[PDB]
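Only one chain is shown below, in structure tokens, and it's the form deposited without the named molecule.
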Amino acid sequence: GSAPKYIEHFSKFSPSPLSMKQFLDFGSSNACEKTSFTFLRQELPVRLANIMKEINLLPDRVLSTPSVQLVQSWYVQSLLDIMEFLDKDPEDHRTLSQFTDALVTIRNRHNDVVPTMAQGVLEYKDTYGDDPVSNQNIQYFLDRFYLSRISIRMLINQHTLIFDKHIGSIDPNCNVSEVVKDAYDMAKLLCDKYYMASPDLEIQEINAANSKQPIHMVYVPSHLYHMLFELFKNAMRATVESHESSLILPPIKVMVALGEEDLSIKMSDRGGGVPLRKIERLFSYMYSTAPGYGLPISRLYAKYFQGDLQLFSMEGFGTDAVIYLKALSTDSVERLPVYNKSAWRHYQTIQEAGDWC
């Protein structure tokens, strides 16, 4: 009967965003998991508490819903699961071992948070409606909640993966074009299965400072894969469906550019395009629910390390999707939400008559 107490305690702390450089450190090749354990033992509780504190501070219907209250109950379990180690000591080649077992266990317990939280969104639509203010509140909360989750899973993955070339999920020499090819291959496979047709791929890179040298960077390849796969699938479907009465289906072109501080990936298709007004809704969780969240969540993966994901099409022609990542491991630092008085007022919207007419 002490969950509320903990949440109240650790929510007083602020999570500590780590640089991509720091991850490499705590990962190294030998760096003892002892440091990780002592660190994670405090940080994880801090991150859980912050997001839980924010959850408990939103409309009672959103709280009383089976989904939100359900995932909330999952986080309560996990919080406790970790407290168990606060008064434990390393040295015991066991204390550490049972920690990972605990982390791995916490991971599977949360494996369905996205689909579940997504279920609450549909319930909300049917229960209260799809007004702009509701959209805003849900959008604001879900971006933070999901980003919070990405980071917690990040920490957990680095630890479990390392402690038993690549530093866990991080590749200090990730070749961007290669991940682009992989994501394309999978998308093509699925495209051929469903449409029995698929556009080809053209890749071009621009290494501003070193003309012919292949482009490499320090990054999490699975994160980049997820973003690119989502984009290829949309670009393929649009290209295919928009040319079902034509025969020349055009190719998807990708450009990978490496500048002084940005590493940019642009994906250009000729899938017909989308009016400007519908672009805005493509990133909304609410407006993209029925009767998926690939795009809004993909954008969160870009933002996680100070990047971004943007779209701009030309209705009647095609669409350009661009992923902006930080070129230097130095500028690559976790983007983490924090529960403040600042965050509180984003939920005080009492909309009813705008400033424009």
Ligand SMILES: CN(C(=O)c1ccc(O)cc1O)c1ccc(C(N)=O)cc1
Contents of the next structure:
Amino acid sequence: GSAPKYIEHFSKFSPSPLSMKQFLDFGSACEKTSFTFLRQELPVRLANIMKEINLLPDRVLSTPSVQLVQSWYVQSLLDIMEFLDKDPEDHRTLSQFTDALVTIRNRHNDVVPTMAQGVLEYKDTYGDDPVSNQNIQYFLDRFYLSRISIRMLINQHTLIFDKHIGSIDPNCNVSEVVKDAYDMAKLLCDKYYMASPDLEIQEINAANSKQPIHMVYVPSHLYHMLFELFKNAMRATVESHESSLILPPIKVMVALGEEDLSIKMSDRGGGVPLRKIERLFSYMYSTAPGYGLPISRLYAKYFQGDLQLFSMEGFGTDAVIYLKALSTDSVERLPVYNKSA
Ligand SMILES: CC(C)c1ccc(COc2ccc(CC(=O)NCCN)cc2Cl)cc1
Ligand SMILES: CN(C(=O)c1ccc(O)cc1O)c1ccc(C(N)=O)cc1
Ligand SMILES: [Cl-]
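Now show the form solved in complex with the named molecule, given that the preceding structure was the form deposited without the named molecule.
Complete assembly follows, chain above in first position.
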């Protein structure tokens, strides 16, 4: 077959990063333009990460988990090829493309636990030394960020072409998503432990005091990040206080600046020594017989944000999500192939 040829052809192109603005217009332009963009751009993004997978050393590349994930990418690339010569004016071309995108999305659903098996296998077969750790961290950050960007493109297409513009809410109420993610974490926390800390939210709209804080964002991404952080802050708070009676609340601040929308989650869960912070973000060190924090950080990075942890051992932990306030500064952050090693 031609998969290596295709990979070589499309890995010559740079992925084209889109802004929120571009994303919002695509969901007014129309389906034909999404189709002609995506039938080029998906092969480009697939091929760029496939090329990088093929550069892994043989002792990683040869493992069943990587071979299995590589086989999903090959089929998904081939599924998209079928449409390169098809006619955009034919509505059967367009419906079949949508169908093809849903199968591709479904096919890749189990990538994270599959890659996690790969990490486990490597720790036991070759070890968990600091250089292994950096190479795993380097690869998976790029792999998972690539995969977030491909799921975004596919989600935008399948949701728009069946107020919100697919996965984008142009009037996202940040405090409402905070309360949703808290309410869900509390539910699980109450079930597993006999208790759950309360929530306090404070907003700081610097320029418009007392105006509720809204942004253009992908609320499912924001939920994913906040949910992960709530789980961590609830587990720490409950477990560090199980001989105490009082349960300090979790305090969230939502700050809107000129360019940053910042969400701090402050807990009193006893904290982590500085030495152990790096490990919480490490796929390798956080793999035991992917993970929430490292992948939540990629969601934040995806539109030029970040996710930082600062703890005070003996007291508690601050987690901050940094987002861009402005749709104009919210541009896909994409890993690009070439330079290497
Ligand atoms: C996520 C899974 C599948 C996974 C598991 C393990 C790895 C680890 O990959 C390593 C490990 C060590 C080195 C040092 C070295 O030898 N450098 C030169 C390269 N030979 C390089 C790489 Cl790319 C990546 C991804
Ligand atoms: C102590 N501890 C923290 O202080 C802490 C870590 C991360 C976080 O977002 C919030 C925290 O309180 C903490 C550490 C690890 C987990 C975990 N991954 O299960 C949870 C909590
Ligand atoms: Cl789109």
